[PDB]
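The form deposited without the ligand is given below as one chain in structure tokens.
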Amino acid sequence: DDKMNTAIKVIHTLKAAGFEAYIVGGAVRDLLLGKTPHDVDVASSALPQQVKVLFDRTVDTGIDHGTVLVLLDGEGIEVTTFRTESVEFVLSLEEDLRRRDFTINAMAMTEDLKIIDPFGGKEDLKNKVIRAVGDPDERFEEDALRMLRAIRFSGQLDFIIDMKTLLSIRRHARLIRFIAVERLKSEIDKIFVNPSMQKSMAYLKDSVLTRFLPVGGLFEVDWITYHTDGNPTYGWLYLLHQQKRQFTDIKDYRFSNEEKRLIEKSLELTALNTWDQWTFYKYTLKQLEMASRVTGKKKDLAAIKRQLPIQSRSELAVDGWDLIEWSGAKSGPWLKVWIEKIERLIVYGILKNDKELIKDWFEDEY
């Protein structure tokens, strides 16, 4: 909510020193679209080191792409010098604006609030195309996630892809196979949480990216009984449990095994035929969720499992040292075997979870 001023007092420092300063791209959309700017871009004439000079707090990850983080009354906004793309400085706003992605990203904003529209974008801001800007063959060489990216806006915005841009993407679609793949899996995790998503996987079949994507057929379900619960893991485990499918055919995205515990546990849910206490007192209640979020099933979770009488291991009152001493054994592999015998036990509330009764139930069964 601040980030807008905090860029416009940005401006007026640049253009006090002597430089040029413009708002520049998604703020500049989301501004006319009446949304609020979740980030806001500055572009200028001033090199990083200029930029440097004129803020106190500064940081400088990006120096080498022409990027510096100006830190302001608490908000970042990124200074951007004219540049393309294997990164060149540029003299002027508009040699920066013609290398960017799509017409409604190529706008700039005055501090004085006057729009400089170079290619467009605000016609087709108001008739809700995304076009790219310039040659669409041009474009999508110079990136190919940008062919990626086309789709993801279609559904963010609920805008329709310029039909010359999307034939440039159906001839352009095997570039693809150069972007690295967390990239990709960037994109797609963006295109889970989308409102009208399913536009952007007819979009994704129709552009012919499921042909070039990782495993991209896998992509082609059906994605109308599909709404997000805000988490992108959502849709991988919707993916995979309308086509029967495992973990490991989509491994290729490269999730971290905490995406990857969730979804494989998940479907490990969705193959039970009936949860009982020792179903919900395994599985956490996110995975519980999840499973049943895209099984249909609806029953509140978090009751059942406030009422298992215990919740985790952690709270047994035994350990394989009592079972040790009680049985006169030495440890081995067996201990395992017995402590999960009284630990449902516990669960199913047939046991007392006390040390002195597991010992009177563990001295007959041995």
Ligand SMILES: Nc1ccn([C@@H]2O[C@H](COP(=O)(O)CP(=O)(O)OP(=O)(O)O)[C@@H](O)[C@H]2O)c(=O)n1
Contents of the next structure:
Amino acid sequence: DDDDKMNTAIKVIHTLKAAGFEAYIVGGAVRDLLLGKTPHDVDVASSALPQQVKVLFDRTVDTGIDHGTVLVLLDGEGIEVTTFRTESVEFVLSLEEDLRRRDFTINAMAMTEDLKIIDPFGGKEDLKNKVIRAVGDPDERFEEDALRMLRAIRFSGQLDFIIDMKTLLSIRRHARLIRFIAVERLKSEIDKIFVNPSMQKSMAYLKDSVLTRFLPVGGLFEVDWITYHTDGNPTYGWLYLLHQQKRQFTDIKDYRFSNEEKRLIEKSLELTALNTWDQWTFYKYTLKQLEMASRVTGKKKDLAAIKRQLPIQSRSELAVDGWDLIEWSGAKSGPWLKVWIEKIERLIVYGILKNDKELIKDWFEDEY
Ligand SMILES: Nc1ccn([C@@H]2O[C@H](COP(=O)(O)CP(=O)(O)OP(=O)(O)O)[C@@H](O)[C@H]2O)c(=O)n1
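Show the form deposited with the ligand bound, please, because up to now only the form deposited without the ligand has appeared in this conversation.
What follows is the whole complex; the chain from before opens it.
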């Protein structure tokens, strides 16, 4: 491989310890190393306080300082250094105090500079058995942050693990608490589930855990997911969900999509409702919308080639505009222009009228 994150984190730990502080790799990096995977991120936990970290490193980003977190920039990587803490934020004085309030045992391990695993809650055994289990009392972990309930669902698909039975029954009992979680955090976890492996298992856990009873419009996630295959874009999960149920975008708008996301969903839904697609269809809709609609209805056409082979790609290529029509018509500017521009546009897109000012003028003077 060519990873640098672990190496950089080792250097960060070394500098922290050279200055008298304790420092360890924590979080998913430890889980990933034990799974033989290359970590996406490597967090460091330290007895150093944020301003003490800033003294030791030339380049830091300080946005999370209130939470105890300094981002250390080193060797072209960024390592998050967080003081021992628990969230609710309270700084604490030992590693174990920090670890004992984390969500799941596989996420509550630490590793030293010398590769020793500190695993007070059996993270290694659960990792080996492929079990997502809350640290300590699950009722406690889920009251501290109800989003953890949904995180457990997400990890089951992402790692192909099961959810520990006691933990899962705890989620069932506290699923109501999900109502307090910012919808942006909910959407972020669901977007991950939609692109992760084993997503059908994640969706069955979502239902079995009772989360679908209390998530915003939670019942809508209970569709048949067998024929869903992610395209790497979480948006396709939301469109698949709606299409399977013959529902419209407004039914999921609680999740606070961006305008472009919403447009992509709404336009794709339109395409799936349109009986037959022709040149104007391929002209007016984006490739991304055409491809997502094709994906969700099961078509496999070579969409890109059809769009590319149209006479023009967009309105900016049109050889005529409203002010040419004002000249030829002798009429004052008004909404009629858009009507007539579109007539001309259609004729060009269907390859009937040449995209040529003088020939469009001929057509117009004859039609008007
Ligand atoms: N609610 C939470 C959120 C986080 N944590 C703890 O913070 C660490 C970093 O999570 P993180 O959010 O920074 C990345 P993660 O979500 O684990 O996915 P990835 O590693 O596959 O990229 C996790 O390992 C948990 O121990 C927690 O105890 N309760």
